[PDB]
Amino acid sequence: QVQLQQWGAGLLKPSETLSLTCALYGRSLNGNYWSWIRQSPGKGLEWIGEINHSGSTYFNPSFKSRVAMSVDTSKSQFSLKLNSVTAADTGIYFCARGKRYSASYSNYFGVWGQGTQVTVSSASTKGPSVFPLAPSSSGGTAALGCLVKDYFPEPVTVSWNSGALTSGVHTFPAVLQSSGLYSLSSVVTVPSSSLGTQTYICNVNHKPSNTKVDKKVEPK
Amino acid sequence: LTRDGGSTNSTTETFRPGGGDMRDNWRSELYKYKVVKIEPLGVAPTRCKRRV
Amino acid sequence: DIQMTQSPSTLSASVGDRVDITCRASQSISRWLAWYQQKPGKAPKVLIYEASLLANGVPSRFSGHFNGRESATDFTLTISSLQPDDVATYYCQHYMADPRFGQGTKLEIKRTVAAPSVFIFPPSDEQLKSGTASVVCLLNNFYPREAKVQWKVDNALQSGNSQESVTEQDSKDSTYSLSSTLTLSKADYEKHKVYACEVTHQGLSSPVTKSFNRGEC
Amino acid sequence: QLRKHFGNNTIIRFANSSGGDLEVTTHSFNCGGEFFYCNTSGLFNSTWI
Amino acid sequence: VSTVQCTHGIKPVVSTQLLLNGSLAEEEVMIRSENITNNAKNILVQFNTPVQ
Ligand SMILES: *[C@@H]1O[C@H](CO)[C@@H](O[C@@H]2O[C@H](CO)[C@@H](O[C@@H]3O[C@H](CO[C@H]4O[C@H](CO[C@H]5O[C@H](CO)[C@@H](O)[C@H](O)[C@@H]5O)[C@@H](O)[C@H](O[C@H]5O[C@H](CO)[C@@H](O)[C@H](O)[C@@H]5O)[C@@H]4O)[C@@H](O)[C@H](O[C@H]4O[C@H](CO)[C@@H](O)[C@H](O)[C@@H]4O)[C@@H]3O)[C@H](O)[C@H]2NC(C)=O)[C@H](O)[C@H]1NC(C)=O
Ligand SMILES: *[C@@H]1O[C@H](CO)[C@@H](O[C@@H]2O[C@H](CO)[C@@H](O[C@@H]3O[C@H](CO[C@H]4O[C@H](CO)[C@@H](O)[C@H](O)[C@@H]4O)[C@@H](O)[C@H](O[C@H]4O[C@H](CO)[C@@H](O)[C@H](O)[C@@H]4O)[C@@H]3O)[C@H](O)[C@H]2NC(C)=O)[C@H](O)[C@H]1NC(C)=O
Ligand SMILES: *[C@@H]1O[C@H](CO)[C@@H](O[C@@H]2O[C@H](CO)[C@@H](O[C@@H]3O[C@H](CO)[C@@H](O)[C@H](O)[C@@H]3O)[C@H](O)[C@H]2NC(C)=O)[C@H](O)[C@H]1NC(C)=O
Ligand SMILES: *[C@@H]1O[C@H](CO)[C@@H](O[C@@H]2O[C@H](CO)[C@@H](O[C@@H]3O[C@H](CO)[C@@H](O)[C@H](O)[C@@H]3O)[C@H](O)[C@H]2NC(C)=O)[C@H](O)[C@H]1NC(C)=O
Ligand SMILES: *[C@@H]1O[C@H](CO)[C@@H](O[C@@H]2O[C@H](CO)[C@@H](O[C@@H]3O[C@H](CO)[C@@H](O)[C@H](O)[C@@H]3O)[C@H](O)[C@H]2NC(C)=O)[C@H](O)[C@H]1NC(C)=O
Ligand SMILES: *[C@@H]1O[C@H](CO)[C@@H](O)[C@H](O)[C@H]1NC(C)=O
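The listed protein sequences correspond, in order, to chains A, B, C, D and E. Counted the way the deposited numbering counts, the first sequence spans residues 1 to 82, 82A to 82C, 83 to 134, 138 to 220. Residue 501 in the deposited numbering sits at position 48 of the second sequence, with consecutive numbering throughout. Counted the way the deposited numbering counts, the third sequence spans residues 1 to 66, 66A to 66D, 67 to 94, 96 to 214. Residue 375 in the deposited numbering sits at position 28 of the fourth sequence, with consecutive numbering throughout. Residue 261 in the deposited numbering sits at position 20 of the fifth sequence, with consecutive numbering throughout.
Quick caveat, the hints were computed from the structure, so don't treat them as lab data. There may be inaccurate statements among the hints.
Here are the simulated BS3-like pairs of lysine-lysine, each with C-alpha atoms no more than 27 Å apart in a straight line [unchecked claim]:
1) A:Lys215 to C:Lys126
2) A:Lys207 to C:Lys39
3) A:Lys212 to C:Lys126
So, partial list: chain A residues that the calculated Cβ filter (under 10 Å) puts toward chain E [unchecked claim]:
4) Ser99
5) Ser101
6) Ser103
7) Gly112
Backbone N, C-alpha and C fix where the C-beta goes; we use that ideal spot for every residue, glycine too.
If we strip away everything but chain A, and leave its shape as in the complex, we get:
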């Protein structure tokens, strides 16, 4: 039952302040410290610092000059702020449960949020174009899909038939194009019999622009 969810700014320009909210479900913050950890592909994982229901904090020394944390025990929430962001603050940020108060050596992170992706760049948001990818007719048991193009920042997300189709899908990691914007495709293996019955829809969402699309594939 115990879980957290988190959200906040996705795109920041340089020198701005990041702000991220983390909300618990199924318990109060009491009896545990709470922390933020971040991932970036150049550094692996970094621990930012920690807070508690009393709103006292302790911070990782390299962040203490830019970080702040706050708590709201009435909403079951806590939050992170990070001043003067630079491209190096780009990554995924996770809030996580820390040590328990009655056990002074227990700082290992049992439960983590879904995490949120922060991009620190001057470049503007853009929502995706979505192109259907018709089959060819290896032929007879071919593939069909959708191509998602020219959006920023990541992430987009893609699902089939409003999430009702799942098995045999692949969705590719993003491509940095000539535009500097991202693109990728989602695709599924199909018997040519299925083309006579299923209306193949890809849902595509670009949460940074809040662009939501349902797009049909054409049986060319």
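Following the hints, put chains B, C, D and E with the ligands in place on chain A, whose structure we already have.
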């Protein structure tokens, strides 16, 4: 005994036989005993005088 | 401060193999270490804490080992019988002081060779109308990953104007998929008659072309 | 007694020593001029409510 | 408190997990710790009866 530091549910504690440092085989006796240094010289006021 | 060194950096083994990952603290951590599994694109999950205890919900094949003494530096995670699901990145982390992670170790599974089923997607006219007419060519559920893709337009060799992406290693069967996209302007697409992708692999007997001819549906 | 320090509703349980060298994981004592290491895992696995 | 010039006899036993042949607690099992919210510090438990 040693009590393990789970970041777990707080309704429970697990205790394990601790192995421990050699000292504890006789710190279990020397808990009752303290050692002190006497300070046998002291001063205090009263109303008397040395004769002169 | 106290910092963690992992070894090896990358690892592979087949289903049913034992696997061992190691972590070393830069100086003694008494036993205050944990291990995490990260799937690609997800939050880490804890497996082991105090170097040796299991977290709840961990399958009992996972385990930790260390010399037990209060001055320890060298720690091991042993996956006692590897399964298709265990394809992931593994981090150690101490909590003697500030929490510091090791650099992480990646584990990918070894299996029999399996040739790519190859598929090509003729663009929708909605794609062509972008002015960046493009064709997708795709390798599905193959092993090992070391395939390659070429593009040939009017059968003439393309370069730079095509790009690729590769999946994670699939947890169900240890295979992969790889896609390639031919990029053209609609003007170059409307010059050329034939668009062909050609696929090279270890599991193939010989390279496989798939193609689209302008005027086909 | 442990219930007084940790609180009455705590589900206290024992477990054996985790792992590592024989000398730290076991009873490690001398009888009569001979040195015994004994596997105390038989004693420490009760659970209490 | 009582002063004394020497301790009672203390026997130099050596063992890890269980304490052997040492002095028993007066009325009840007694449990002692340096700072009990710290997992790094062992609890010492002293019995009232022996266990043979
Ligand atoms: C029962 O015993 C325990 C254990 O001693 C005791 O808990 C300690 O309580 C004190 C406060 O009284 C804590 O001290 C504060 O710690 C802040 C950060 O400390 C860092 O350093 C700690 C000590 O040194 C170790 O680590 C360094 C590297 O940091 C290393 O080189 C040393 O060799 C040594 O090993 C370290 O323990 C601590 O790690 C703890 O915290 C992290 C984060 O939660 C966690 O990951 C660990 O698992 C562990 O819990 C951390 O690395 C520090 O900011 C703070 O600063 C003071 O000064 C500023 C001004 O400069 C003031 O504004 C501020 O108010 C503070 O006064 C202070 O030093 C100490 O960290 C606790 N130790 C532990 C292990 O938790 C209990 O209090 C005792 N209980 C009773 C009732 O007495
Ligand atoms: C605290 O309490 C726990 C719970 O009782 C104890 O855990 C047991 O520890 C023992 C000793 O390590 C374990 O027994 C050993 O298991 C190993 C793993 O077995 C699996 O893998 C092998 C190899 O792939 C397979 O053959 C096997 O079928 C299992 O799939 C074995 O490798 C060990 O083999 C050695 O002993 C046997 C004895 O017959 C010999 O035949 C072998 O040649 C070899 O010498 C051994 O079997 C036991 O499984 C653990 N129990 C559980 C439930 O986990 C802790 O040890 C204890 N702590 C202390 C300090 O005592
Ligand atoms: C200290 O003692 C424990 C006793 O619990 C040893 O661990 C293992 O204990 C299990 C029961 O918990 C024994 O199970 C038996 O295993 C055999 C394996 O083939 C199986 O045929 C039986 O049906 C049963 O499951 C197990 O024998 C025992 N293992 C050993 C090696 O004795 C523990 O190993 C001891 N500590 C050390 C350091 O060896
Ligand atoms: C504490 O340690 C003891 C002894 O190591 C454990 O006792 C054993 O527990 C099992 C499961 O409850 C008992 O049931 C079954 O017995 C049959 C017949 O022997 C066997 O085929 C099954 O595999 C299973 O073991 C078992 O009888 C019992 N052994 C003895 C000697 O009583 C106990 O589980 C440990 N844990 C706890 C919480 O007590
Ligand atoms: C053994 O017994 C003694 C009493 O005979 C216990 O002494 C404890 O001393 C601490 C000193 O820190 C007291 O805790 C707190 O002190 C701060 C000021 O330093 C104060 O602001 C807090 O309100 C709190 O009083 C504590 O009250 C006192 N008594 C108790 C019941 O702990 C000692 O803790 C005992 N130790 C064990 C392992 O039983
Ligand atoms: C715990 O039990 C003891 C003994 O009956 C009692 O004195 C104490 O008040 C109890 N405390 C709680 C919170 O139940």
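Hints, one by one, checked against the model:
At most 27 Å may separate the alpha-carbon atoms for a hinted pair to count; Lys215 (chain A) and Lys126 (chain C) meet this at roughly 16 Å. Annotation: proposed proximity of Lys207 (chain A) to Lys39 (chain C) holds, straight-line Cα distance about 22 Å (limit 27 Å). For the hint pairing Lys212 (chain A) with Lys126 (chain C), the CA-to-CA distance comes to about 21 Å; that is within 27 Å, so the pair holds. This hint holds: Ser99 (chain A) has a C-beta 5 Å from the nearest C-beta of chain E, less than the 10 Å allowed.
Interface hint status for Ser101 (chain A): upheld, as the beta-carbon distance to the closest one in chain E is roughly 5 Å, under 10 Å. Taking 10 Å as the C-beta contact cut-off toward chain E, the hint placing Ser103 (chain A) at the interface holds, the least distance being around 7 Å. The beta carbon of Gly112 (chain A) is not positioned within 10 Å of any beta carbon in chain E (closest approach about 29 Å), and the interface hint is therefore violated.
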